[PDB]
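Here the complex is missing a single protein chain, while all its other protein chains stay put.
Labels for the chains are A, B and C, by order of writing; each one numbers its residues from 1.
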């Protein structure tokens, strides 16, 4: 036989473009003197092009290094290496009905999304790229100048590739020098064991802290969606440009007891997830587990929902209701004529956020009461099922 | 130093989902008796569910093996292993305002595009997927039955995950057995030499057949977009599920001559591309080179334009006009007082279609007259430039 | 620039042949009826070919699945999937000066090492392989038969490829069906931070449990060299065919204290490694840390020493003396006129043994007193160094 006789693990994938894995210095393709996007504190040199501390500046010193995080629809969030803020088409107006591009914290709003279009010079054949907004009805452009300090804006004044128009020069970017993004290694998958079956009356089984996890999925989260206040902005973006979100399953013990012959016991079974754990996941990732056990995304992470759920191998939630905490008091009777070790597990769905360096930031676990079972020693067909109620 | 002192080649990427790389047997998740999509020649067993030879059938024998080719917008073309036809939402009506899904040759029309949505059972937690059309206003569904021979259709009768509705069962697919797609290996990139400079008066330089190609890009073309009449449907889909389209550049010699001291010569320079070569690329790939030297895609390949151009590293064309053939008669005068070997090259942009087995199906070359040069021995500053006109 | 402006992690490599990653059913190339190596409990069918419970049997039922672990010199240890024992050329004699091949626990002795040679049939061109011992002066061969139950032995009766000899048939193996080996994923490397410098007088710095590890190396250990009594033989070989040995470094705090102006303190500094930890590494891996901080290997792991040290990025030890434990009482005086927070770290060299499933079996740490430093707040040039003695 050509393939193994046993199952083998799979590589988890989370493919990204090169521009989503590098912070590039973005230069103007036509500038004679090295001008490109900049984080200069000096003001605009040009009337009708005013700057302030929010402006995305254009200068031939103090360059920005910018990563393009890929959204599910192919647009990009353009994020800065040094302060972790993003470009944002501000709804205010400059002259001539243009909007300034500003630096702002990431919100996931439409105004922070940019479509990259690959184009070029019709005469020379040289390639460059541009950024558009509003379904290609606005283009990003320097304010007036190719070779003086100015600001970046978006304009609705767009020109066709032919006949070539001077103004298009102000929209033409090329990649220059770059820093690599820090990206976690994706773990390999692993198989989940069967729900653990006791081997003797003294086998108390496996506690959640000791249960072997099966790795089932993983996503690379842009750091702009992660709130990790243990780091500052610059360390997060430079050393943890993407965080790892692992999806793992394990059997989570509800309880384990010898139930003597003909005896009743009452046992609390706690499953689902607590509001405390759900509120933590909202705060850290803008995600929570829906009442259908799918993943629900608020606006900050929403733009990456399809990629993240594809990588985790868990579905998008179809309900806005949060999964709740189930706390149920269960009364069990062992009708057998022998003492029986009983143990109940439900499947835990564990999401773990990690830094590039492997540190665990947080885990959040949903105990899935729809996927549970009671195992025992001795067991069927020697004994009859434990009776509930 | 941590990185090499020389440049190194890069891997070309063309990432695809697993479902775009496998022909899967698609089974109904709830069927008790093994029913799924089928290529049975037997008719539908059910009134109000009529079948004919175009129907996509549902049966527990003669399964189809279906690949999902990924479109630029995340939708899929669903294509059959055995006959290379695709699923198509026919505009005709069954009862209850539903449309039949039929098998049809690939056109690239909207009616052949399907959105896959990952869902699951709200009670059991078991996962499955569905197919929607028309911006999630129709879902694909068996006609009436889970466990008898019937047809596949699309319906606008969709139900929410909660409360669970019986009818949703008819829409629920899972992957089963599969065959791997045949996929070409992507070549590694290589650097283009400088435009060749003669080393002596007898150096006649390099003819196009002998010029070293630099590999600059590559795309994997679904075979549904390739017309390769040397193969039948079944061989193309099973052994060449994707073709390779390489993008390579080389210097293409226009002419090489010793032009004696103080002598004039007249030389025809042929550049651009011929209509014959453009018509061939249209026929084989539904693509041509635009007058801006970008890539232009007709409807058959249009759905994959962004992925293909990203892989080739050539831009999308912004003009519908075809690149033409330039045939120019040039008159040159060597004003130097010595005999000078002159050679003129322009950059050739070569697209080569290959089978999985490495066979070359076709090459098409656009000679780019915007990127050309005349080199010589002896040369500047010893001689003055050749004068044109 | 063509390469990043920052350092990037590297993949750790630990390349192995395919036969070292699969347990293959080894069949005789010439047998007409499916005979190959077997774990049959039935006895040899042949006089002068006696079997007992140690014999490696040859039969057409109950096949063995055998992995070939690659030794530093290119020889192989041939190990069984089901019981984890290895083939061994027993020094006892059968008739005709031959030795029986037996199953035995792994020792790493010369008698358990086999040279695989790729050969073939001179007439037909068909390929097969053989196993030799004693620098190709003995070949492994069935005892007498191609197509009856017998034993495996080694013989000094070897024949040249030409003219073809009948007896060579008994030596000719081919690979058949197989199970994949379970192999851990190799971690990516990471950079070690500078020795931590306090930022205030109240910064007590980082305890060993909390120190970030830099991954610097890793080796895949054949499970035959690992003593992991938490598993039985069959689970170890099938689910942990190779263990992972990670090499990581971190800064290990000896102490942290404010030493007030003009005050003396006495502090115990514990470095090196304890005999208890060294004896554990000997028991589990047959390795210890030499007094030169290199790796020392006893016979069980010795055969893989070069591969293991190449993967860990630590050198082979040149001394048989074990690294000892240094327990030193240090007297420090702060001569500065201000209270100074002082902290001392030495570099820890941490070796961690993991299962395929990621569970940590053990860690062993050597605290390297040759690579240590005292940092402080405030620090040079504001203060003078802490004086020792």
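Some notes on this structure:
What we mean here is this: contacts are C-beta pairs under 8 Å (C-beta built on N, C-alpha and C of every residue); 3 or more make two chains touch, one makes a residue touch a chain.
The chain not shown here makes contact, within the complete complex, with A, B, C. Within the whole complex, the absent chain has one touching residue among C:318, C:335 or C:384, and that is C:318. From the options B:213, B:270, B:362 or B:370, the residue with contact to the unseen chain in the full assembly is B:213. Checked against the full complex, the one of C:118, C:229 or C:381 touching the unshown chain is C:118.
For chain B, the residues in touch with the chain missing from this view are 1, 4-6, 8, 22, 176-180, 185, 187-188, 190, 212-213, 238, 356-359. Residues of chain A that touch the chain left out of the display are 2-4, 7.
Contacts to the hidden chain, counted on chain C, fall at residues 13, 15, 72, 74, 118-120, 122-125, 127, 160-162, 291-294, 306, 309, 315-316, 318-319, 347, 368, 370-371.
The definition used in the following text is that only the chains that are shown with their structure count from here on.
Note: centroid distance chain A to chain C, computed from Cα atoms, is 37 Å.
If you average the Cα atoms of chain A and of chain B, the two centres end up 30 Å apart.
With each centre defined as the average position of its C-alpha atoms, the distance from chain B to chain C rounds to 47 Å. Multi-chain contact residues of chain C (touching two or more other chains): 4.
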